[PDB]
Amino acid sequence: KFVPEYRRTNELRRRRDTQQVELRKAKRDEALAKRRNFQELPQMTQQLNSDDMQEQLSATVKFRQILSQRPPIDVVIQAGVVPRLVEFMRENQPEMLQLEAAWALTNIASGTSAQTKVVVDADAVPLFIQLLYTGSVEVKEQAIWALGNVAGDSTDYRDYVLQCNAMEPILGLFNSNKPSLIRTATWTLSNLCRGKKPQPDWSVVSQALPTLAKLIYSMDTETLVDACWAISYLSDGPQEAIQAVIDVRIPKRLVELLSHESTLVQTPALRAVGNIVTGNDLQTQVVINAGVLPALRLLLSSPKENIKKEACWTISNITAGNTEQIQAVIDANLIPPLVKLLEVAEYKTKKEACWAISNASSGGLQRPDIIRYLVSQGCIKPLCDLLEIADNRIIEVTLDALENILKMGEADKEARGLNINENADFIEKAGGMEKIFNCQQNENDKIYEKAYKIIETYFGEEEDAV
Amino acid sequence: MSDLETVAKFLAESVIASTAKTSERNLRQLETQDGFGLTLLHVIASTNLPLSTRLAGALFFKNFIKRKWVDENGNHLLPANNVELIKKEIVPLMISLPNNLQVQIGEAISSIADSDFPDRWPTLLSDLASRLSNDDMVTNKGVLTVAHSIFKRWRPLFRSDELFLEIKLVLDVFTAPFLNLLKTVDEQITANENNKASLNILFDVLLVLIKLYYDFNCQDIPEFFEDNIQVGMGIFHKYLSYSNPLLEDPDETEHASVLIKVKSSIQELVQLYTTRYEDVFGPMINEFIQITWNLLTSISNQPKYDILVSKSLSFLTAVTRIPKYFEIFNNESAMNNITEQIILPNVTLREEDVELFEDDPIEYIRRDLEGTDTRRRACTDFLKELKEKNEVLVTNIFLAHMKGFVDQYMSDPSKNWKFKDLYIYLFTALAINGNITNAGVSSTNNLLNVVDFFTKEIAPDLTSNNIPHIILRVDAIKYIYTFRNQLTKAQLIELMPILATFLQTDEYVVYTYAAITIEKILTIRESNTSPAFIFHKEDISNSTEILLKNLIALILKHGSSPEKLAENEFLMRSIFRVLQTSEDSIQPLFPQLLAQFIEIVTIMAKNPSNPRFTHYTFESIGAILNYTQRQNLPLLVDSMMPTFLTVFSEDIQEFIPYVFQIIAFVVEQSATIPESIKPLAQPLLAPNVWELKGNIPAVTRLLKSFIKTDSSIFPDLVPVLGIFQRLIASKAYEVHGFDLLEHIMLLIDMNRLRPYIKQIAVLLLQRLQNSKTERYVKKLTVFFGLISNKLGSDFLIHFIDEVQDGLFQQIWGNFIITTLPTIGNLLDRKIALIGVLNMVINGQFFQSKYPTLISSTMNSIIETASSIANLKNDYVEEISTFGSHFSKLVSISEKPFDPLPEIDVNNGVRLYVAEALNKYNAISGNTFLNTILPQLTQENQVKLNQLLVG
Amino acid sequence: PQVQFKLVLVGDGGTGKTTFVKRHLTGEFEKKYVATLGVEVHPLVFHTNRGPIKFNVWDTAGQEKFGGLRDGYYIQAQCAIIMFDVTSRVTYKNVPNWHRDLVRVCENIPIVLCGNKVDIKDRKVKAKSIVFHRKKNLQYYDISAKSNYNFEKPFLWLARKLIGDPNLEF
Ligand SMILES: Nc1nc2c(ncn2[C@@H]2O[C@H](COP(=O)(O)OP(=O)(O)OP(=O)(O)O)[C@@H](O)[C@H]2O)c(=O)[nH]1
Ligand SMILES: [Mg+2]
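Those protein sequence lines, which keep their order, are chains A, B and C. Those letters in the first sequence? Residues 1 to 466, by our numbering. Those letters in the second sequence? Residues 1001 to 1950, by our numbering. Those letters in the third sequence? Residues 2001 to 2170, by our numbering.
No lab work stands behind these hints: they were computed from the structure. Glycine included, C-beta positions come from ideal geometry on N, C-alpha and C. Incorrect hints may appear among the rest.
Listing some non-contacts, in silico: residues in chain B with all C-beta distances to chain C over 10 angstroms [stated by the list, open to error]:
1. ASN1180
2. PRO1245
3. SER1298
4. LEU1487
5. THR1501
6. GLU1526
7. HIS1536
8. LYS1564
9. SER1649
10. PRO1679
11. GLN1759
12. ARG1767
13. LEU1768
14. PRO1896
15. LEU1936
Simulated pairs of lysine-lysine, DSSO-like, Cα-Cα distance not exceeding 27 angstroms [stated by the list, open to error]:
16. A:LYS381 x C:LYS2128
17. C:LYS2161 x B:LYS1261
18. A:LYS252 x A:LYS214
19. A:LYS446 x C:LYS2093
20. C:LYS2136 x C:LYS2093
So that you can see chain A by itself, here it is in the shape it has in the complex:
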């Protein structure tokens, strides 16, 4: 009997999105990609084509104004002025004319993909990039905003901007004092880093990490939000990407931001920290040494359910590490809150607390006092309760935790000459023996075989007490 492999059943660390396909309704926690910068058309078009500089400017100012704060983008385009606006950005034009033309084009690029395409096909991008070299602070602010909308439209325009060598001049903007310029440039930079398939050219966007290290030392909330999001995108990668973030010494301040007052900051900061602990034990210890464990304790109590979930996921990739790292989690008093979420939290969060406790128990086979403490904190009952409701993957993870707990109890019985396996008695006392036993009814063979082994090894009418 043949069936498709994914319809058959016959390293604990987990990366961000190993499986991208989703059935659930997509919920956006991310910053909107595009931003807008807040009929006598015939007459304006005549002034814009005029040879007089002051006539050109008054026309450009009007086109920018109607495009500010809804805006008739498609109408301006229909007037055929987009290439003229692009000409006004050329290196040999007046500063104020460049400013207005770039502002108007920014808002045309702020609309639909078709409207952004108009500006891109008009060869505006190389000029924006040039204005980043040559413009005043006011000119540089309009050009970088324009590049943000192009980049935020799609991965293709994101890559086109990078192929035009925009990164070098963009990274020069962050010497400015003007908080509005830093804000806008940080958002544009996050748009150049955003997007999973395809990811941007690593050789180019990793050049931004020194700048991002500086930006997360801003105390401007808006700047921190988009800087942390940028780091969260760049840190979503293999060990090499994580190591580039570690090398610029981002983790210390990144961990500090987990305690920022604003959940708009905590969310991307926690996402980035979560990404970093998906590498190896050495990279993970760098985050531990930065104080992530105390910070995670508070986030387990966050009012945002998604913060609690991501905190549990982050902890689970830490307890996927070595004995000392598991002990560090215990030492930071993270188990009591994890056990609490394991029994009261929403399923998606509860599911993540299960991974964390389960992974800890896998390493607890080498340091039995680890499992003693876990049992001491009352994890057995929540784990067993989870067997009745969980998806099949979480059933398997929960049975592996209970098996580790049973192995430890059995090894402890033999080592100390105890009469009975204490953890097996706890599991039966909590009603967990029946819930494990009932997993044998699952048509999933991996689940059935695991439950059968547990039942027959630890609850199978072993012996008369002698």
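Let chain A serve as the given structure and place chains B and C with the ligands on it in line with the hints.
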């Protein structure tokens, strides 16, 4: 003449007994003709044929698909032309058939889909969905049943991208028609409120729609069902309360109807949504709680609602575990209304149980002792869940009701005795934290006093001359059983003469529960860190004889037929426990007790019936022998062996593995082989004794005991080696082969083994080339270590090289040092590790002859000594055949042979290795470690320094 | 044996269906496992207080590779016995499959669920786990073909159900 006519002829013959087998053989021959698949479809469609013939054709086609549609790799086995035409005809054919045929064609479609959907059958989904219509609920049921058969395959799967892509494909086709059809079935059900036939049809469709709703949501809640949740769940919300006299009939109390199943399927889906998708479902949970509360309020106690009640309580249990929703009934008013309306009416003792008490006492006891889905159990588990969330509130609310139950009983105990059974049951449920285990109750509710309740409510019912109902006498005994850990030794001692007096009554459940409670009292340990029991021998010695006398009389009370004598295994379990506790208290009576057990064995041999009774009979015999003075064993042996010989000669296989264990123990404990046992030694070696899996562990033990106690009883070692060969050649029995071999090599003088030592090595190593298993190579490695530790390093080298010069170093470098670090069993790891180390530090010949082996051997030693509990810890489904089961007697169990007892397997091994290496280095003038350190891997040079500097 | 009924006996391979029938037919207990190939039909006659009753027992194969006609054997069956082995948890896990295939062919026949081999100590399917019969209104019995425990209860219940006489006795 026609091939269609010929197929129909034998399809018809297949329903008749005389031609059932010949017809299949003819059909299998006809099956080779090309197009037979399509010929079957034409037969199925032929309305001129009798329905049974068309049904035989539909069943044959279905099973033809299962046999010959694809091979193990998914290659179609039929001509590519037939394959595509089948897929085109099958769905339209299904629609046109009446139900009995339609369902089998639906199942053939599902079988094709199992291998071909979705990649190799892109049209199926559209094909199926396009057959749904608002005006034909018969065809709808058929189509939806096929869809459910295909989509329910998602339920046991792990999430994956490939699966979610498949699910997405299905949702794009079905979501709109599914919801529309669901939105059409509710409308027609209301319009057809008084049409019985059309109602049953509509609710059949509703049931499958509900199951499909579950299929679509078992992996995640898809976007479509999140958006349309209010209309979807709103409909199910409605039908949880729906009631129509046409779809009900009070005259049926067991057979749940389609309406009942629909509400149960709804509750399954509601619990899925409540426990997985509370974020989305949250706003609607309160509505379902209230309707579930009303549903349980007005539900008849008839069994046909049992499942619906339990599924409703599991929903309410999931709600109790969500703090936000538990608070709506976390107050005295709601909690008290749950008690009166939901819990108490279903916890009372129902008389369907009282009848089991009177008619099948032994079964009543077994089920009472081990326990599901009865209303009592479902409601009691719910009661527990509430108590866990607010113990003070729940306890006090029930203490108030129980207070009134006491007065209801005391007013008229004779008629209201059931009220006392109630609050004893409720008190027990509230007092126990969690569940009782085989070890008893470990902790209780601090708001209740089990000792006070015992003195006031239980103890008087033990000794009262008259009892309103013997069920209360059982309840009192069971209370002692339940709370035995909470009573003092002095309180238990005071109960022992009372429980023992029950063994002289005639009430089946009273004297059995008394025997059970005595046995469990004798199993209470003082603590889990030492083996001592609360009850020592001086606590039972004065009553041992009268307990045994009365337990034996109860066994014999209803006649000495094999089936009735062995009926009550709890009596013999208690005899065993009493014997174990009393030890040598009544040694002078051992000959008479043993004679009584032997007579029981003799009677049961005519028809062994109760395996637990049989087991504890032989445990009891084992206990007697264990506490008999060794010089008195021969007299006991002589009184048993005539019966044991008859067990062999009559081939009572149920007893044979027990008799072998008993005889082995006797031999193990004697300084010489008793004369009555000597004649068994050489017949033991006959190959036919070693054929049944259930006997191998026992005859291996007996053979080992002969070798250890007096190996001269075997004048020829050839047949002993023949057993070893049989065991070691077998993957199933290899462990016993190694066990036997250890006895042979270590306990038989080398002068006797000399003519056979080469052959032994050849046999032992033949497995390596032919049919090696991982367990075999691990056991071989442990065996090498054992030989090294005992007979020495030089012996081991010349034992293997005797097979072929050079074989030692080849096996050492390929199997031993590679396998050593993988041995997970702690005692075996110590033996292997210490034995391998012994070769390096106590093998001057090993060092001088194989100098280049030392570095790789040291790498293996260091890795093994410096490493985990993650390794497989033991050496552990299939068809049971007669005699395939072996049961170990704990009364005469033996612990494994540890040749290195001064080294604890826990931490002593690592310390021992480090001290042995340091010593060897010191004896070498401090040149060994310096010379070998550069030859080790980088990793092991570090681990080694941690060992020495540890 | 003029009153005759087609009884289909189904269940996983090795559960004891053939041993059970042969014990009723001849009284002999078969110790070896020789898998049945497709079906063997065996007439069983009981002499009752309502006359002689004949069961034509279609002893079907439980191993898929030897299944023969499989549920093709169930056509026009008037009753059935589903057997499992109480020492093998998987044979009880497959009981719903056997029952599903039976009722799809025979909608409303009486069916007895038999848990065989209760004479073996290491029982894996306890009465607690055995609940399928209440969900589908089948009669359940523990049986042992070896010890003859409840030997005749399945045929007696079917006979009473088939004749409609609760007082019928063998
Ligand atoms: N101990 C014990 N063994 C039994 C019992 N019933 C059957 N067996 C054994 O179980 C094995 C299976 O025997 P069969 O009756 O041939 O199995 P089956 O159900 O007919 O299997 P298939 O024909 O392949 O479907 C044999 O070894 C029997 O001796 C029983 O009640 N007790
Ligand atoms: Mg058979």
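Item to check | Hint numbers contradicted by this structure | outcome: none
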